[PDB]
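Asks: Chain residues, written in single-letter form:
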Amino acid sequence: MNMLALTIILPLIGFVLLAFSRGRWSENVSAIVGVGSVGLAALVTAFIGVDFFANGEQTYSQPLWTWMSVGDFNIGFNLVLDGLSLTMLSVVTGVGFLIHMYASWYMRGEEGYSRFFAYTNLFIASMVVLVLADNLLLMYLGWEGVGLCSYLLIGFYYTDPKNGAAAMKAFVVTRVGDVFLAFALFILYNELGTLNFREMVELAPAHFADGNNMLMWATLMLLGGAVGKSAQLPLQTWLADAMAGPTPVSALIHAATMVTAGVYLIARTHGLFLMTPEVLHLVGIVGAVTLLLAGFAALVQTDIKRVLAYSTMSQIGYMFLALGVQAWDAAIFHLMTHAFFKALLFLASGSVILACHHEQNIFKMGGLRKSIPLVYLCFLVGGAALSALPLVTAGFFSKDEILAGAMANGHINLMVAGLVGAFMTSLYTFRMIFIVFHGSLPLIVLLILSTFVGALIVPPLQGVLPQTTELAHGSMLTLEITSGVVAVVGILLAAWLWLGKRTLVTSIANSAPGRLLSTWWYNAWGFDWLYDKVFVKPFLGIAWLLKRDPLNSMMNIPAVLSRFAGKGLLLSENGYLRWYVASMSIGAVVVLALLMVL
Amino acid sequence: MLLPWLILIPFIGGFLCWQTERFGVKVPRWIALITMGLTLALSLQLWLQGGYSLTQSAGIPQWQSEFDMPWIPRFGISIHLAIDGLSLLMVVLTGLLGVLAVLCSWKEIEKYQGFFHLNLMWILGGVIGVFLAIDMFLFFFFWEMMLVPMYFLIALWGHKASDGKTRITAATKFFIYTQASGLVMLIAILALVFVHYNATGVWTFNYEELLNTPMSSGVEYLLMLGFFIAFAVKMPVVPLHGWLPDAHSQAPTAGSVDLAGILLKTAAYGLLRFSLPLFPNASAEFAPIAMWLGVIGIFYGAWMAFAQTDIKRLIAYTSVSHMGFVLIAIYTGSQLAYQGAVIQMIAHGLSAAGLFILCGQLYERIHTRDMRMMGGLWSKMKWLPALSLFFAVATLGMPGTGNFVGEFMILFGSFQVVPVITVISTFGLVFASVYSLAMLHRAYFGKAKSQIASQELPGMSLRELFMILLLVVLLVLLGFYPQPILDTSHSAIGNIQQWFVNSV
Ligand SMILES: CCCCCCCCCCCCCCCCCC(=O)OC[C@H](COP(=O)(O)OCCN)OC(=O)CCCCCCCCCCCCCCCCC
Ligand SMILES: CCCCCCCCCCCCCCCCCC(=O)OC[C@H](COP(=O)(O)OCCN)OC(=O)CCCCCCCCCCCCCCCCC
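If you read the protein sequences in the order shown, they are chains A and B.
Counted from 1, the first sequence has number 488 at position 488 by my numbering; the numbering is strictly sequential.
Heads up, my numbering is the position in the second sequence plus 598, with the first residue counted as 1.
I should point out that these hints are in silico values taken from the structure, not numbers from a laboratory.
Hints should not be assumed to be uniformly reliable.
Said to hold, decoys possible - Facing chain B, from chain A, some residues (calculated, C-beta under 8 Å): (1) 69; (2) 148; (3) 182; (4) 183.
What the hints assert, rightly or not - Listed next, the stretches of chain A that the computed footprint assigns to chain B, with coverage defined by at least 3 CB atoms under 8 Å from CB atoms of chain B: (5) 171 to 178; (6) 353 to 366; (7) 465 to 473; (8) 541 to 549.
Here a beta-carbon is modelled for each residue, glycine too, at the ideal position from N, C-alpha and C.
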């Protein structure tokens, strides 16, 4: 358990070796290096978990060195490990190992193979840094590394320019969110004087006794950073566009790494949000609005990858709703289960794309349940876990815990929004299932983890996060029955429209209000249009207006004045002698007059 | 006592490069490498001998090593050198970038390389003398005598693809800007000396004697204004910035003049050493104007750098934006902001050095610098696109590189002092990321937009790869372990900050 830094070192060494290989190595040796680095990180994580459960479940600290020290400003390179950090590290390493070996199968015969594995190794290393950070500055380093690896992996096929545009847009919105996170860091250091999480928790109530406004600003800025990284309101406009890249990078982004960072940030800084309950309720409201918006956006989508984008955004909104109703254990349990079934669904979607000659439109392919049965079975169990199918999956237990925590704390509206979101996600997921499919080791492991076997695993969150308030057993059973009935009714209703030949779908879809709503929800409720017309177009306009460097011409004005004055004065040197004598007389008159007036 | 030699051995080395040119064309480059290796060795010896890590703050002045010699005793003018942590750090950076500049022009078998090397080390000795000298007349003399070889190198040895008229115009614009700012700085220095004489009665041009000078408010403001005009042209600070992209674009195509000449910013060192301690009250009153000029400089440089079709011009505007950040850092009166400013200047020097070297080698490979004529170059070369990706990542403020450390300690100190300028500067960092991504995508990613980018290009040799990897390793070590650099400059920065905030 003293090898905590090995989970950072080994992916870094793999990234360095695969980057300096420059593709001269064969596919076998480079794949061995990359997936072996991630597998050794996962095995070291398993050993760390074993000695963590064999030492009494105590928070461990490994201070490597001191990052910076300017007087009072002391920031250290210290790693920490608690139940939340162990859960995050375990899910990141395991899901990354499965995705890495599936990518070793998947990326064969492709250029940039070693570059792909180096970038994903750096992604894994940066997220291990993020989840094993004692203070907010090392957490910001992991945040920035995760964002840079997201940018470098989304635009992997650099030849096609829309991959590059998607990567640039994703990096821009994540940098805006990280600037909000930097605002949170500046406020927290200015008030409390430290960036360590534990010491911030200790000195927050002592300093914010008579005034609790800058703490609200700091928690609001933390929420802004979280919604920037997790693709929530109002910075969700990069997800579906940024699935322009390959499949395993998408599975890594949506399952374990990119979208769960904000959830981990809110869960880790739970005390500061607990002493500012209005910001926590704002987190819950943002999650509810984003999950409903994501469900309505995934209704009218025609691409399987964008459907999975808005499904990921909907479950991230579910996690933010759980964090806003003070249900932290439910949020982390949903994080792990969503990582499992979304990794399974993304890998099976990549298998679908490879089997159907790189076709992504769901309406083109049909009757795929009999062409290949195994991928259909994995897609079925992944959709059932995503639709919260009762008594056999893990997403049902995760969402049941989330809505139980929402109901037990008096948030009736958020629980209603969660029920509507569950109906919505069952409806669109089985819509996509029936449109696509009607008309091996990682897949098996993720299929096993997608069922109730993954629900048997509980995170060791006792002692780090506060316990969710217990609901009454009769109301708990009522909530479970209502959620199961809602999911089953949604699945049967989606089978009623989309399994047979479509009557009601085309009757209301071809209507003018129906076409208006479909075009509105297809473009993510007009947020890309708003950000293009409010933030991007004035930027291009100001750049085009300023490209002539107006300040340079403003400062070159006196050079033009000097040239004009010199050319004007040179006209007096005409070369005439009588003019010279007349000018001498004029100057004599001028100096005599100036001497007389004074 | 090693400081006079530290200034002199670049000049003797340049004279030897000129003299031993008759021994052969390939001789003066070796002489220049030997004498810059010796200069860097003496700078590192002063680093290891000064004991900068365990040095307290005894108040201004506090010099680790000083040298005195009378130069013009009529005015009380002395060759007066003094080294402390900040001056030592900039001298070490000067030696490193001079070694890189000599190594970067290694492939020139031209007829008159001896005078090229002589002007190069004249520039290097001038900027070293600017860092070391504290006497006002000697500091001004170095400040304006490093200017002539810059002009001659830009005008004669500059970009071969451009006409002679454009190079002459760029060099003359740079010279007029910098020497007029030197002249108004000389007016401020002379008026300060005459005020000190009227107060006391002794001809002193010394920096330590001029600190204890009683000035009324309004006169000290004008002296500070002249000093800031000089250090605003040389930073550059908008609108006094038009010389910089013109001098960078018409610099020699090897790229040595950019690294040796302009990539060490003497203006921020002059603000820390001279503008802040000599005029504390005037700088405290001028802090809103200077900080808002820094804000305008950051956003203006970002808006230029997004809109340039020339990569060298783009990197010049990156320099404008980063030094706008440093200008915001100088006028806060904070320990953390000053230390972040020092880290940011060092990291910006290293990152812009890597960017300029890689841009020069890219121009050598493809014989053009227009960003509309290149694209999809990742599959065309071996090492250059990845290293330029690393340096473009470094220049946007990425952790693991020293730019993030410097910028974030700048912003932490600034937010401790002023919050609104801090938040606007962080949005300027967002703009910096925007222009870095734009340069990366318009340079190396996409499809080939011409025929010269559609063919396989030769790779970089071992020497340039070694120097670029050295810059990469230094940037990584600065980002992950900046503590020796922070401890080296902890005493002088503390003395400057205590003098600035204890007199108001
Ligand atoms: C705290 C723990 C860490 C937490 C996360 C930290 C994140 C921040 C740090 C980011 C570092 C830089 C990341 C981006 C690197 C971009 C360059 C890259 O990866 O290039 C890949 C390229 C190989 O690609 P390929 O397509 O195969 O090339 C064939 C044709 N050229 O590769 C090449 O062509 C060769 C290699 C190019 C440069 C690679 C990166 C160099 C910098 C890092 C290593 C420096 C050396 C190690 C020692 C440092 C000092 C101890
Ligand atoms: C903060 C503001 C207040 C304090 C200012 C302190 C002074 C220092 C900082 C400002 C310096 C400004 C310099 C402006 C000129 C820079 C050089 C330039 O633009 O040259 C252009 C041109 C030569 O280029 P070319 O195209 O070859 O010539 C045309 C062919 N006939 O040139 C020519 O053709 C003629 C050039 C003549 C010499 C240059 C003009 C000097 C005029 C006096 C300026 C004094 C400062 C005035 C206040 C600032 C400006 C408003």
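Asks: Determine for every hint whether it applies to the structure shown.
Replies: A quick look at each hint next to the structure:
1. Because the closest C-beta pair between residue 69/A and chain B is about 7 Å apart, less than 8 Å, the hint holds.
2. Taking 8 Å as the C-beta contact cut-off toward chain B, the hint placing residue 148/A at the interface holds, the least distance being around 6 Å.
3. Annotation: interface hint on residue 182/A holds; nearest CB of chain B at approximately 6 Å, less than 8 Å.
4. A least Cβ separation of about 6 Å between residue 183/A and chain B falls short of the 8 Å threshold, and the interface hint therefore holds.
5. For the stretch 171 to 178 of chain A, the stated coverage by chain B holds: 4 residues have a C-beta nearer than 8 Å to a C-beta of that chain, and at least 3 were required.
6. Coverage of the stretch 353 to 366 of chain A by chain B is violated [criterion: at least 3 residues with CB-CB distance below 8 Å; count 0].
7. Taking a C-beta to C-beta cut-off of 8 Å, the stretch 465 to 473 of chain A contributes 0 residues in contact with chain B, too few for the three needed, and the coverage statement is violated.
8. For the stretch 541 to 549 of chain A, the assignment as covered by chain B holds, since 6 residues bring a beta-carbon within under 8 Å of that chain's beta-carbons and 3 suffice.
The structure is inconsistent with the numbered hints 6, 7, although it conforms to all the rest.
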